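Contents: one structure, followed by commentary.
The complex is shown incomplete by one protein chain, all other protein chains being positioned as in the whole.
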Amino acid sequence: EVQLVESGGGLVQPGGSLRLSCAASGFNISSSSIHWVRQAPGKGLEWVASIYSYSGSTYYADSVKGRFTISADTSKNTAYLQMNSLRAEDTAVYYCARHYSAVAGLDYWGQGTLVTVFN
Amino acid sequence: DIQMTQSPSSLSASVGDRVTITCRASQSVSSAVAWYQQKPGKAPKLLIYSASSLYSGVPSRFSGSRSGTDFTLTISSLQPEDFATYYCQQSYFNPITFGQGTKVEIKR
Partner (left out) sequence: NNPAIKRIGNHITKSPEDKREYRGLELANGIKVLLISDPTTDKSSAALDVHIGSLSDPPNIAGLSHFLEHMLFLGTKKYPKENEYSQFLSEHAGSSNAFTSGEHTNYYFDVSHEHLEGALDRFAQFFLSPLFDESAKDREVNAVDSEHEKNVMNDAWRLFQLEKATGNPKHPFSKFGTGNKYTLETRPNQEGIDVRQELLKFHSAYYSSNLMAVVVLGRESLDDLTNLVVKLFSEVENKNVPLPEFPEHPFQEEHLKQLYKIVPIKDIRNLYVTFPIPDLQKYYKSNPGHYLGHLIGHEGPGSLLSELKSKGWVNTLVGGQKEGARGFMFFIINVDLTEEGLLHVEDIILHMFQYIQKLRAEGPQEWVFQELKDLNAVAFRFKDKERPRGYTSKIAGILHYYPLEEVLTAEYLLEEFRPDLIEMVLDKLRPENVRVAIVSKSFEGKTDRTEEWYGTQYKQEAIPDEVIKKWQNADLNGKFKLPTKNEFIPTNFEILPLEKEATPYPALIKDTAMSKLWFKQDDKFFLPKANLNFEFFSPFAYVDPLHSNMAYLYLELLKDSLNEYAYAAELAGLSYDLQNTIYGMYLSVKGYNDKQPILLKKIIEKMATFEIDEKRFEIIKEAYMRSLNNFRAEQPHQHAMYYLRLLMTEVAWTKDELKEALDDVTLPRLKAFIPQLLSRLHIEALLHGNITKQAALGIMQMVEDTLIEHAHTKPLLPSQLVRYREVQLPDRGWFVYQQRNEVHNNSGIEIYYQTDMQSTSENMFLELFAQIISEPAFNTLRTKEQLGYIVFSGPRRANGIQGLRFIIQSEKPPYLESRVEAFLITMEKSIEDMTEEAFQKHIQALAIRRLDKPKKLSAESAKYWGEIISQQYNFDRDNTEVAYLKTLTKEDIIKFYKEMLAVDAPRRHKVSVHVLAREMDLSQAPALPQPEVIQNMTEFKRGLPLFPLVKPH
């Protein structure tokens, strides 16, 4: 039973703060890399960031570097992504996925929570 | 850092038609490319890893290839459970980037 569950998504105002959580079930997160992938309604896929739960914590994209802080807790077997300085650009469906045992992976994805940035 | 382009923006094929979608890289990327299928609404599903290795639990009509900087996903026979939005990936310790997307639209 290898699944990933996103949480914490909802409504935010510009400059607000959200912290998402990707609950892993059926494997320890230090076993592979966790990635966050967002999708704005009407656009394709966009890579948010990644966390290597064992060490080498943070690999972010140039479009969010400095505004987003990604972390994880091996004891909880759960990865987080705190979102700071939210723009109207970041309103999207945020997926969370496990990377495969290869160079190009992301085999197991999740439900994906919605982050809306508006009044 | 390195960006991914698309071969078509959308296409129209029939049941039994062969589908070939191509992404092309900016720099040399040795394999390290993945193809995804996302049916509208739900999460994407992995199709090809390592730019050629067929993922387990994926129908065998899917096959990925690599020729330098070009990556071609060939569906030998399209089917009613094979029409969706198709994206490609890039995997390197650089920022992962995607393609614009390929929306394979069936025609009966």
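Points worth noting:
When the chains are written out, they are named A and B in that same order, and each has its own residue count from 1.
Quick note on the criterion: contacts are C-beta pairs under 8 Å (C-beta built on N, C-alpha and C of every residue); 3 or more make two chains touch, one makes a residue touch a chain.
Touching the missing chain, out of A:21, A:33, A:39 or A:78, is residue A:33. Only one residue from A:13, A:85 or A:101 touches the chain missing from this view: A:101.
Across the entire complex, the residue among A:59, A:68 or A:95 in touch with the chain not shown is A:59.
As for the chain not pictured, it touches subunit A at residues 30-33, 52, 54-59, 74, 99-103, 105. Mapped onto subunit B, the footprint of the missing chain covers residues 28, 30-32, 91, 93.
Going forward, only the chains that are shown with their structure count from here on.
Annotation: 22 Å between the Cα-based centres of subunit A and subunit B. Across the complex, subunit B is touched by residues 35, 44-47, 50, 59-62, 95, 97, 100, 102-107, 109-112 of subunit A. Chain contact summary for the complex, subunit B toward subunit A: residues 1, 31-34, 36, 38, 43-46, 49-51, 53, 55, 85, 87, 89-91, 93, 95-101.
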